[PDB]
Structure formats: C-alpha cells, structure tokens
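Peer 1: One letter stands for each residue in the lines below.
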Amino acid sequence: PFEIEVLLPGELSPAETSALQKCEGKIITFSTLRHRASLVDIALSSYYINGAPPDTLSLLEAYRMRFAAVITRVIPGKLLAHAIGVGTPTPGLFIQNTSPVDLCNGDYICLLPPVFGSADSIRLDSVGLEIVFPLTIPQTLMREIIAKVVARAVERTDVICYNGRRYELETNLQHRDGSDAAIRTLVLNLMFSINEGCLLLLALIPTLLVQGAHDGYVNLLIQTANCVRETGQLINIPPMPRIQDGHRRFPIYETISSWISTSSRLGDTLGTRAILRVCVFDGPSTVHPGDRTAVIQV
Amino acid sequence: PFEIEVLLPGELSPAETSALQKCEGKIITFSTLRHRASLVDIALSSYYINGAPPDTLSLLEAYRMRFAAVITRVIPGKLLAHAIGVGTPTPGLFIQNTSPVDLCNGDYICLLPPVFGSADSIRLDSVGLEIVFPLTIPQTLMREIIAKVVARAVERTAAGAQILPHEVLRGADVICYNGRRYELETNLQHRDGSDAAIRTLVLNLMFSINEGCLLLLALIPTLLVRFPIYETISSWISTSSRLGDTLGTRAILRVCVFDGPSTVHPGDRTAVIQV
Amino acid sequence: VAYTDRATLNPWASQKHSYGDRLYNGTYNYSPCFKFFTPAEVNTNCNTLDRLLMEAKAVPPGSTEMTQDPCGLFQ
Amino acid sequence: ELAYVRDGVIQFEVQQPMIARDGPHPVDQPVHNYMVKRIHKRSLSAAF
Amino acid sequence: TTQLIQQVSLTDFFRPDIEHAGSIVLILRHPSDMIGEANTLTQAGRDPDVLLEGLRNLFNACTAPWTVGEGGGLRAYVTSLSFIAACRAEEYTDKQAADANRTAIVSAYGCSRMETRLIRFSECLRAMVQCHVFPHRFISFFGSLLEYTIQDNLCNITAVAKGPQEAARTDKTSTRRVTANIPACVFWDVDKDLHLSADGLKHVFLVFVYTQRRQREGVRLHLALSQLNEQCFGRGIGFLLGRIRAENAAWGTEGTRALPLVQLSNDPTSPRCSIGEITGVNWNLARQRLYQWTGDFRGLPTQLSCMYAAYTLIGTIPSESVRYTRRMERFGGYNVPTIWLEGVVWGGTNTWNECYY
Amino acid sequence: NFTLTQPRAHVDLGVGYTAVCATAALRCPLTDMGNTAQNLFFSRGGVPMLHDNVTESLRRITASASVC
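Residue numbers (the numbering used here), protein chains in the order written: chain E, 29 to 326; chain U, 8 to 282; chain D, 540 to 614; chain X, 442 to 489; chain H, 139 to 495; chain P, -11 to 56.
So here's chain E without its partners, still in its complex pose:
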C-alpha cells in the first residue's frame, strides 16, 4: 500500500549503518505525517521548547496524541517506513522482541517512554537528528506504573516480584503541567461514579455480613478493606425508603448502566489503539530474546 519516504541524512556512520542493515526491527513514533519528509519532526532540541526537561505526564499525553508506526526494511538507496492507517493488511514488514521479557500471543504492543531502566543512548554523528530506541513493555508493568504515578501525584498535593525476579524503577516528577488534567479527570470520575445505589448498599451491611458469615468469601475483601469496615458504621444507614412508583421504576438498572458507561469511557481514555494481532505457526507462541519472527495481520 502507501509508503512514506525519508531522506537519508548526510555523514553516514558505518557503525550504526551495519546495525540498521542487520536488525531492521524497531518501534518508532511520529507526529507529522508526510509522504516526502527530509528532516521530519523528531528533534529533542525542537521538543525541548523553553529548556526544561519534559515531564512523565507530558510525555504520556504527547505519545497518546501522536500516532505509531513500524519500521520496515531499509535499503541503501532510500529509507522506507510503514505507518499505521486503517485496518488493512500490510505485508513486507519485520518485528523483533525488543522487550527483555517474553510476550504473550495476541498482545497489543504499545509505546511508553523509557522508565524501566537506563537504556543505551546511540549518539549519532549526523547533523539532522538522532534516534533513541526505547525499551519498555506494552501493558504488564504499565498498568502498575500508571497507578503508582497517579497515586504519587494525588498524594503530593518500587519493587516488583514475579517468579523470583525483581524489577527496579526510577520515578521522575518535577512539573505540574499534568496535575490539572489529573485532578480534573479524577473529579470527573468521582462525579460520574456517585449514584443512588450507594445509599441502599450502605443500608444493607448487617444483612450482607449475616449472609457472609456462613459463606467463606470474607478474607478476600477484609485483607484490603481496612478502612471500608470502619467507614461503614460512620454513615447514615437509613431505613427502607419509599419509591415514587412501584411499576416501572428500577434504580439498579440505571446505576449499573451508568457504571458500564463510565467503565467504557475510562477504558477508552486509558486504552491505546493498536491493531496488532500476530498468529504463530508450528513453533510455540512464546517469544524468546534472540530469535526472529514474521508479521501477521488479523
């Protein structure tokens, strides 16, 4: 299909030319889409604006706003790249397991700033710009680091163990450009989450505990509900109310519909669109660091 063309920068260095001609696999992101681009827009100096380093939230929203692309094979004659447009097959590509850990089959690969570790910085000797290869994972540790960073942001104003493996992280938060967005979205979620069923739920704690006394599913909630039980007795606990009509009234349906709508909204806002579903053949679906695979469009 359609393919973009990027002009080759001058003063080519064989040290990185050999790596580019051997690997042909890397995930990159771009903002300006153009078939004929000579200097594109991936410039750290241009993105530095005033001079202060970008914040984690600023980088996150910039990545969310910007699109994604997959680097195809590179020929000495000209540089070719493939962008992500509509849901159509894109044959003639190549991918590699950039992440140091294995990836499950049918996983949507996302783009995140390098925060997992100090990745190698390839300082190009050209004059145009330089390219830095990130090393992150799509969602596994992302779903935890986003929670940690939002918790830190809301509290201002680590060690993760999995199968005997310890992972280290380095947080960075020095700007308040995203604090306003964070507080706005959290207050919007709080305003959209309150419904009329909470009063009924709070007015049923004795019946709930009586039912759960001979059920066994109590520890799985009380191991973490250290304050929920304390706050349960500090509420109105009103008696059974009277509905204005008992023929076509059901607040349960309204509140579950509102919860479904809010959950869909938050999933859409926090979910990066990436239509990448590979299909393995013959060999196992689990990938290993140091192997080469193909591209399959579904």
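Derived by calculation from the structure, the hints in this document are not laboratory data. Even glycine gets a Cβ: it sits at the ideal position worked out from N, Cα and C. Among the hints, erroneous ones may be present.
Negatives, chain U to chain E, calculated, CB over 12 Å [stated by the list, open to error]:
#	residue
1	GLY92
2	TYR184
3	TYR189
4	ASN194
5	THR246
6	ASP266
7	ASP275
Heads up, simulated EDC-like pairs for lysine to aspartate or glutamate below, C-alpha to C-alpha not over 16 Å straight-line [as the list claims (entries may be wrong)]:
#	chain 1	residue 1	chain 2	residue 2
8	D	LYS596	U	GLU18
9	X	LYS482	U	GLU10
10	D	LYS555	D	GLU580
11	H	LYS310	H	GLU285
12	U	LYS33	U	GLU23
13	U	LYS155	U	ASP180
14	U	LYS85	X	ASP448
15	U	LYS85	U	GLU12
16	X	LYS478	P	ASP0
17	X	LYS482	P	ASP0
18	X	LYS482	U	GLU238
19	U	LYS155	H	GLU175
20	E	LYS176	U	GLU238
Dock chains U, D, X, H and P against chain E, hints included.
Peer 2: Coordinates of chains U, D, X, H and P only, in the frame set by chain E:
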C-alpha cells in the same frame, strides 16, 4: 500458506454424520493453528487450568483470547480443514444460522453462551468431546442482557438475605422485534451451578461502587455548602485498571446480510463478510 | 471384590465426600491430586479407558491414552 | 490423472489356500476375503 | 472488500424521482421496542400521554398502516438524505438559501400535502426528543446506495461499500468514472483552534449533540472533519461549546454536613465494632445516635444529564490534501447550490464512543 | 512473489496392524526436588475465623521452577 487437516473419529459414523448433515454452519477456532491438530485440545476437557474446572469467566477469557474462523464442508466420508486468511481466497462463503434467535441486518458478532438461563445446548455425552458454540448478539443487546441478569442476581440475593423481599421483581420488561414475542424468563424454581461465580463479581462491583462514592466525601466536600489510608485506594485503582482490559469486548467480525433470511422463517441462507 | 480377606484399610479416603470434595474440589479450593480426588472425572476417565480398551480388543487408535503420556489407564 | 477423481476407490481379492486335497474333509465353499482402502491427498506449500 | 447488497423497499421515506449520488441512509428502530426499553428509564417527571399521542399521530400519518409492524421485510426502516437535510440542515451556513431550498423541495416533491407531513414529522421528533429518550443507541452502520434504474412502480437500488468503486469502471454513469459529491453542510470552521497545519490524513466524524433546557429541546446533526485524535474529539467539542456547556449543566439538574473529623479520628479513638457489636447483640435497641446527615435525598441522576457530545468514525478518504471548489450544478426541475468534491469514499463502523463532560 | 505447490496423492500397500515398536533410550531426568513448598498461600484461602490476625502474623513471620 499452509494446509490444515483434522482426524476423523472412529466407530462414530452414523450419529456424527447425521449431526453434521443438519449442522452445516458450525464454527471452529484454535488458539494456535498447526499443521496437524487433534480434537482433544479444543474441547471442554482441555479447558482445565490452574488446578480448577473451567468457569464462565475462564470460557469468556478463552473466547476473547482465541481467534475467529469458519469452515464449510459437509461430506459423509471426508472431513478436512481449510486455510482462513485475507490473502488466501475462500470460495463458497456459505454459512448457516445455528442460533434460532432472530437477528437484524448489520449486527456485531460476540461470543456469549446463554448459560444463565434457557441454555438448551444438547451435546454428546457418550465420548466427552463436546464443542459448545455461543450465541451471537449485538453489543447493545449483550449489554442489556448483562444488565438484566446482574439485576436479577442482585435482587435475588437481596430477597434471600433480607427476610423481607419486595413484591416488585419484574415490573414490565418485554423485549420484542417489530411487534413480536420473546417468551423469556418463564422459570423461577430452576437452579444452576453457574451462579457460584457471579456472586463474587457482584460483591466486588458493589464494593467498588461504594468505595468510589465514599472517596468523594472523604477527600474534600467541594459540592457540600498508623493508618495511612492509602492501601484501599491503591487496591481500588489496581482493580479498576485490571478490569479496564477485562471489559473490552469489541467485535471483530462483521455481518453483511443480503436482504433477509429470517423475514418469514429464521434459519436460512445468510451472507457474511470478514471486515 | 478384589481381595476377600478384608475391606479397605483407609476409611478416611474411601467414602464419597471423605477428603476429595472437601479439599481438592477446585471450586471450593499435583496432577494426580486432581486426577484421583473427584468422582465425576474419575468415573469419566474410567469410562474412556474402558471404551478405549474395548475398541482395541474389537479392532490407530491415534496414539492416545495407552501411549504418549504414561501412568494413564495402567495406573 | 488427478484433476478429477471424485475420491476413487479400488477393490482387491485375496485367497487363503492351506493345502491340497487328500481325503474327505469334506470340502466346502472357500472364504473370499477382501479389503477396501481409500486414497489420500497430500501437498506441500511454502513462500519464496 | 466490496459487496453488492440491495434492500427490498418500494417507497419508505423517498419519492420515485431521479436517483442521485452522495446520499446517506440510516436505519431506524421500532417505536414499540424503544418505549418498552424507556418505560423504566423515564423515571416519571413527564406525562406519558404525550408520547402515546405522538405515536398514534405518527401511525395515522404513515402510509399503509397495515404494512408497518408486520409482514416480511417491507416496513419503514430507512430515511432518505433529502428529508434529513430539509429537517436539520436549514440554519447552519446560509439561512436565506436554506429556506429557499427547503421550500423548493417541498413544492416540487409533494406539492399537495408536503407541509402537513413535514409539520407532523417535526412534532413527532419534538415529542420523541423531549421525553429524554436517545434513539442513537439502536442506529447501526449502513451502506450508501448507488444505482440508476426504473420500472413500473418499482425501484431496486443496490448499495456499495469501501473499496475500488471508482476504479472498477462500471461504465454506468454519465462519465467514465463515478460521481462523489456532498451537500453544503458538511464542513465547519476549525482553524480558530487548529491554526497548525493539518499535515496528515484527515477523518470524517458524525456529531449529534443533545440539548437539555426548560421545556424546550432540539437536534443538531453536525458533520465534523478534523485531523485530531478520537480521544481528543470530545475535549475539542467541549471547549468549542464551553459557552453553552455551563448552561446545559445548570439546566440538567432536574428530574448536608460533611465529616471533617475523619483525619483526626482515623488513628486514635476508633470504635471498630462492626462485627463484635452486631453478631453478638440483636442491635435492635442500641441503634440510637449513629449518623443522620441532616438531609433526605432519593436519586441523583447525573449520567443522563451530562451527555451532550458524541462522535462516530464514519467515512474515510483515500488521499489527504483534499481541495474543495465552490461551483454550480443544473439538474432536475430546479437549480440548487452544490459543492463538488473528489477523493471521498464511505464505509467504516458505527462504533459509538462518546465522552461526556 | 509466488508459492510452489505440488498437489499429489498416495495410497497404502499393506495393513496397518502388523508392526513392532520398542523403546531405545530416554533423556536423563533432572528436576527440582527436596526442600520444596506448595502454593497453598497463593491459591486463595479458605473459611475465615476470629484468629485471622494471629494467623496472618504467623504467616508473615514464617515468610520473613518445580513445585510439589
């Protein structure tokens, strides 16, 4: 670019061929297609994982993580698979509406078996190798069904644990289609073992709702004119993030119905696409 | 039926709901521990083994049960 | 010749001789055992 | 990727005039299903007799009442683009020309009872909108009809989808290729907030906002066309309509002592007796003080009040840098202003992903 | 691009019930054994009781790829 073959079971010719003659629009899916595959790895017997029998949630997650494919071959003395893909042509795109439930033009394909009520999924228990197919309903229809079943479950639990149930339990909830009758939820004394997995789900949902609506009045009353109090908030955020990916059930297949097969009688020749 | 000298010597693991459905039930919360502790799957495994044995006696057969995975029907 | 075969089948007849006659057995009708087998189609495909 | 699907419909919401390209047809829903679904979402507040009266009026005004709600696949389930343009696209770009176009259409199409049908449709739409019922939850994606044929009181028009429609060379139009045109009300000014160059592939989105005021409501079927991300479309719509968002929020509230001692009572003086004081005693006489909140409320409807923005990805463009030209066309019995475009196709899915604010 | 396909067919010669099979060699077993532990703590829990605090303190103080 490779062929797919299947193994024909033995000493089971008449009944299986009679079932296959009537059911010509079945759907077969594999998590990882290979050159040679058997029938003992895509059935219910192979769904046992994590040292526990498969449940409705496990079936739903397996269906979500699995791919989508269709086949069209009914031969009493032969049974082989075909390659499915955009590059590989698929002549003779003929399918049969296995589900007797009436549908509409331009719907969304989703995998949701009706195990909560009125399943009527008869299988072959003489061998233990059964492939239960789910019913196809649009996204709005499936959302309404989920809402109604969870409402029924919560009202039943409230009646059971309240020792004073409310006389109103149904009201007026009748689903029709261009002036028709569905005749659903006609049984009350019937009991099933599938409700053991939804009680925890509804309890978690109501706990999340309660904590979310209580955190508004605990932080700051803007609208009102040794305990860090952070573990509960962190757990709620983690559970919300985990459920964010779980609630994603966007349809992949597309339905392009030519005219209508169910205009006068459901269960006729229906067209479909792979967009 | 097998030994006429006496009955089973482990009454604590010979009834229906002795220990299997109590501890190793799955829903109520390593392969043999689940293979030989639930009556439904035990019965279905014995039925499949008997069917395979009768098929072998009568009449391939796909290299299953008696082959590949050991400790199957000949436990 | 494989463009159109419609899953053709073949039949083979085999006898079971034991020994020549030497007295009153008495003789009877010999068993005309036979076997029937079907054909199979296999192909290899790749990308280049 | 292109399929030819035709619908067996004779005259649902259109006249047997000369067929024209650039038409969008949607799918409606049966009123019985929508009223059965909304009888519980109404939550009182309005008299239900007006909805029944409007339904009866619509049934009486609709031609052949014995065919709707029964029969086979012949019913009222499609709407022509001309009716939508006449009912909605009248106060968008140029009123002094839109009203003239509407009058010409209603004088050249019906010429005997077009005004009565139009006013009946307007009243039925007002009744179905004022009752706080959203009909967009049942609308599904539909193809675009493109065919020229005629018969004896019969017309079978096929529909196409996304693909090489302009490259198939059907050789059935006036020219060697196909015609693709859109009405005047298809684009809105966005440079004031998007002065940056639109370097990339643009997308076509359908926007259907909702209004909530004092006993007055209206519809606005706009057509946004911006290169911004899907998740930012709601934010852009809210920013553009910020002068009316506050009024809508204020008018949507239809249908108190805090607890600042938690920060001081969390660690010390904690009467945690939610189990010991309940499972032991009957608790029928010790419930004396507790909390009262000094208030009484029943129902806080907020999800169905803040919903005022929506957008769906419908229609794409094979190539970017599309240039629009303002010209004139002469066809039919009257000359109407039209805008000719190029490199525009249809298709997609009707995935409703709204972001209320 | 092109794909090389060779559609052919094959037929059997003799019966499939006349053959002899036997084992030749096996790989050397090497698995974790000895001081192993179960995943009972990580595999949910059980019926709660009034001794939850003391039992969780005991679990914490005791806590401070093959399983058995």
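Peer 1: Next step is simple, just say for each hint if it's right about the structure.
Peer 2: Outcome of the hint check:
no. : hint                   : in the structure
1   : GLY92                  : 9 Å, violated
2   : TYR184                 : 20 Å, holds
3   : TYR189                 : 18 Å, holds
4   : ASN194                 : 21 Å, holds
5   : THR246                 : 9 Å, violated
6   : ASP266                 : 27 Å, holds
7   : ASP275                 : 30 Å, holds
8   : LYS596/D with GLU18/U  : 13 Å, holds
9   : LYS482/X with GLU10/U  : 12 Å, holds
10  : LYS555/D with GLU580/D : 13 Å, holds
11  : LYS310/H with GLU285/H : 9 Å, holds
12  : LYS33/U with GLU23/U   : 13 Å, holds
13  : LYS155/U with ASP180/U : 9 Å, holds
14  : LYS85/U with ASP448/X  : 9 Å, holds
15  : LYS85/U with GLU12/U   : 11 Å, holds
16  : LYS478/X with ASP0/P   : 8 Å, holds
17  : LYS482/X with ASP0/P   : 12 Å, holds
18  : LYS482/X with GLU238/U : 64 Å, violated
19  : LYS155/U with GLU175/H : 12 Å, holds
20  : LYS176/E with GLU238/U : 12 Å, holds
The structure shown violates the earlier hints numbered 1, 5 and 18.
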